[PDB]
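Just the one chain here, the form deposited in one PDB entry, laid out as structure tokens.
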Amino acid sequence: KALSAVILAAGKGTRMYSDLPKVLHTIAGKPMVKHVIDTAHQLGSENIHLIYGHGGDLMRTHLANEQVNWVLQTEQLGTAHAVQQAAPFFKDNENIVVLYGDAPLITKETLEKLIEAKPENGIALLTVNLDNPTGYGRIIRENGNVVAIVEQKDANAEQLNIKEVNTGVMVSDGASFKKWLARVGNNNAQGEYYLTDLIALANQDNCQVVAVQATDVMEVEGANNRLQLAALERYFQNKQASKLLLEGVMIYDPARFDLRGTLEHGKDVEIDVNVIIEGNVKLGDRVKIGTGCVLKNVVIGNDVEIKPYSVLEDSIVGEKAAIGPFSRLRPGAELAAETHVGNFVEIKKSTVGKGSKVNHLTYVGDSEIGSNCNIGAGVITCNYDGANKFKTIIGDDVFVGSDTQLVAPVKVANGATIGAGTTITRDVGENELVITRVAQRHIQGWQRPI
């Protein structure tokens, strides 16, 4: 049988105390709902019907690229009413899985088990045993079989003691959904059309209802507030770190590691405590990342060491380079093999050729630097007070003395040597040595305070 998905995502999320709608709060740097859409896609869903409502404009801007059917629920009249908005698109002979944009950790594997357990013309639902089931629909079983779900606000004293609860997740065929949704009313304590009434309706039709008990409680947990969200984040980060460790990445402390995107890695990679990996990051063999580093959208070659407290974004680093500590690579930084970038150095939109060193207290922006250059401490690339920002071009085997200002646009040809304290405004030729002539006054017998 084919499969499509419906994702309920219309909620305001009042207890997040936010201007965002509930499902756009992030886990590992992306909206909760994006995790759910991705899972529905990996499961092989032909269509993904996204039920949205509150924060509609924000949903559409933040999820503009998602391959979903946008189904606007103008009023939040209950979970059955939400699913019914998508029901006209259900094929009679496909399975439909109901998912929630605020329950982001549900796995493909669990959902495949749920789908496989669904009986013909019946329903499969995911349930879970909780020590404290307050708030959740209670699973009612007669002679071992599920016959109904009773919500917290509708339950009598005995039913509230039931520890097995509804996760909300269920699967049935499209025809059965249409049939039963039309028979859902709103005669209950909340005045809502409950999706949960489908269980008792199916029982009334002598159709079978199978519960699959989820064994990992956090996997099926939803987030109603940011405390719950943080619990999901920690669970997810632990899971990601455990996968990387089993793949052979040495993460010194998995509880102090964060991945917010994707990590491609070689062998014998070592990542010290308190590292954050964001966006798409690729690390070669034997890359070592020191404590406190932030890498966002970077490619790091084999045998690179990044020393502590380095922040790198949208940058490429060649093999055997050495970066840090306290180095800053801003977007467009491209460091060739065997380069050295040191403490309190900022590189922005610049290329730095093989073997070159930029080891202290330096800003290099909008520059091209060749191979085997020595960029002294305190060197700064700058511009005139003009309009746009021009380029500094330095050739191969150039020595730039400490505290030199390179005033763009300017070119320094191969083999040139620039003395310390120089202001370079004119192009420097091949093998040209430029030294600043200083005038000083010397006053003898000057006594400082005793």
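Between two forms, the rigid core is the largest collection of C-alphas that superpose within 1.5 Å. Numbering follows the first chain given and starts at 1. What changes on going to the form deposited in another entry:
Lining up the core between the two forms shows that one residue from 150, 171, 251, 105 moves its Cα 2 Å or more, and that residue is 150.
Once both forms are fitted on their rigid core, the CA atom of residue 133 lies 2 Å or more apart between the two forms.
Remark: with the core as the superposition reference, the CA shift of residue 181 between the two forms stays below 2 Å.
Annotation: Cα of residue 217 displaced by less than 2 Å between the two forms, core superposition.
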Given for the second form:
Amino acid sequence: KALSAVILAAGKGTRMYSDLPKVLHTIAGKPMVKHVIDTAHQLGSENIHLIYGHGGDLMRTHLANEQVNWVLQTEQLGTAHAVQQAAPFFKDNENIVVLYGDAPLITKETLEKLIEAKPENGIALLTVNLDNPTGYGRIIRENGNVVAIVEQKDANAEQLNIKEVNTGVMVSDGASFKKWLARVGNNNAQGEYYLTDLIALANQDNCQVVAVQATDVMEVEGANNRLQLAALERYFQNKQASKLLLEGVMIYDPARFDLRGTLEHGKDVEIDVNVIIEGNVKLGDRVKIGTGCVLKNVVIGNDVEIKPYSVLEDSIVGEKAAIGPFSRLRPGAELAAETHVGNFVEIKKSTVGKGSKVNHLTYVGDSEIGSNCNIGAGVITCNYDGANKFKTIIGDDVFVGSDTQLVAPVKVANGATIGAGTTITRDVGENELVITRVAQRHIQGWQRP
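To complete the pair, please output the form deposited in another entry; the form deposited in one PDB entry was given just before.
FYI, this one's just the chain on its own, none of its partners or other molecules.
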């Protein structure tokens, strides 16, 4: 049958000490709630009902493009009340899964298992086994079915030893949710309407509740503060790193690797310690990434080595290129095959043709550079004190001597040669040599201090 999701996301998250609401804090660069939305989508959810409240404005701005039903809860009166806000939108004959925006690690595979276990007109309850279950509601099984969730304060001595505990994550049909949510009271020490009470109500109705255990305890773990969030982060990164390792990526130390987005990789890729991969990154075969590198939204071709402490964003790098160490590629940097970019070099919104080298102490911006060019140490593209900054066009087989300024807009044609220390303002023709004529004063017998 069909499926829709409810995600509880209304919390203030006081103990985060933040201007953000609780579920917008990021794990691997992505709000916690976004992980849960994505998981709900990948399960095949037809609708995703997002129960929100605190930080409403920020929720709407941060998640504006999410395919969710925005259900604004004016007061937090308990989890059952929250789910009930979405209930008018439940189809009677679809399944509904209830998830929490502050528990981002829940997997599709566990949730498929949960949904699969749900008996007709009944409930599948996600449980977890804890070594110290103190404080949590104990699962009571009779004849394979959950007959009660006994809270800490009610449990007898033997019940307290039960390690299996309620997570609050559950699946039932829309009709059953509508029926049972209407029967939830708030007669308890907290005066709240608890979703937990559906298990009792199902049992009252001679409907079956089946427990499904989460394989990994961390999967169902939520974060109430940034210490807990950091723990989820570490768990998440280690899981990501382990997957890549088993796919054949050499990650020198998986404890010092961060992926904040998606990585596409070839074979024999090597990633040294303290690399951060952000956004959408694609690495070809035999790419080597040295220590300290940051790659954000880049495509790297086969056989590229990126040497240590290089930072790349919104860039493309052709096969057999060599980058770094201490290289900076800014958005729109496009390096062709067999190119060389060296230390203390910055390339912004420029194309660099096959075989060209830019190896030291250089800024190239808003430029086209052709094939087999030699861009000397200290070369700088610049503009007049004007408005909008213009383009520098360098053809093929050009030599630009060290510490030369190229003043845009300017064109240097194929095969041109430019002496060291030159200021280029006028276009340079094909096979034109331009050398600066210096005037020097020479003083003999100048004794230094």
